[PDB]
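Asker: The residues making up each chain are set out below.
2 protein chains.
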Amino acid sequence: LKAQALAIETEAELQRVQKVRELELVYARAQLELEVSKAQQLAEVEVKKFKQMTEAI
Amino acid sequence: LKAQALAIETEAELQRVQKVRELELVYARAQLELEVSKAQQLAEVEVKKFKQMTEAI
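So the protein sequences, as listed, match chains R and F.
Here the first sequence stands for residues 746 to 802, numbered as in UniProt numbering.
Here the second sequence stands for residues 746 to 802, numbered as in UniProt numbering.
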């Protein structure tokens, strides 16, 4: 009887953990894209600033 | 009688451990792909910044 109750709690908990993980990966991939997009634009700002101040000298 | 009860708890517990392990490997492989994807993109940002600042001098 304990093996039946454990099988029920196992599948019920793993259905939750699977859905939480699917959503956290979708969000972490979107948040990664935002962090990379930030780094690409701010790195370009500093390269432009550096090149134009260098061309003045 | 103890050998029967032990065999029942053994198969019941190993059915849980197997399903937990199958899902943890699927998730850890997906999380690895995300960490590598982060490292590849952020390393490209730093390589671009370094090369363009070097070409200015």
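Simulated from the structure, these hints should not be mistaken for laboratory data.
Treat the hints with caution; some may be incorrect.
Copies of the same chain are indistinguishable here, so a pair counts whether it falls within one copy or spans any two.
Unchecked claim - Simulated crosslink set (BS3-like; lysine-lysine; CA at most 27 Å straight-line): (1) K793 - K764; (2) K793 - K783; (3) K796 - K764; (4) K747 - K794; (5) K783 - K747; (6) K764 - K794; (7) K783 - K794.
Asker: Are the CA atoms of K793 and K783 at most 27 Å apart within a copy, between copies, both, or neither?
Answerer: Answer is both: 16 Å inside a copy and 15 Å across each meet the 27 Å cutoff.
Asker: Check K783 against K794 for me: Cα-Cα at most 27 Å, and say if that holds within a copy, between copies, both or neither.
Answerer: both (17 Å within a copy, 14 Å between copies)
Asker: Up to 27 Å between alpha-carbons, please classify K764 paired with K794: within, between, both or neither.
Answerer: neither (46 Å within a copy, 39 Å between copies)
Asker: One pair to classify: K747 and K794, alpha carbons no more than 27 Å apart. Within, between, both, or neither?
Answerer: neither (69 Å within a copy, 61 Å between copies)
Asker: Please work out whether the CA atoms of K796 and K764 approach to 27 Å or closer within one copy, between two copies, in both situations, or in neither?
Answerer: Classified as neither: same-chain Cα gap 48 Å, cross-chain 43 Å, threshold 27 Å.
Asker: Quick one: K793 to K764, C-alpha cut-off 27 Å, is that within a copy, between copies, both, or neither?
Answerer: Answer is neither: 44 Å inside a copy and 38 Å across each miss the 27 Å cutoff.
Asker: Measure nothing new, just compare the shortest in-copy and cross-copy C-alpha distances for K783 and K747 to 27 Å and report within, between, both or neither.
Answerer: neither (53 Å within a copy, 45 Å between copies)
The structure fails hints 1, 3, 4, 5 and 6 (numbered hints given earlier, in ascending order).
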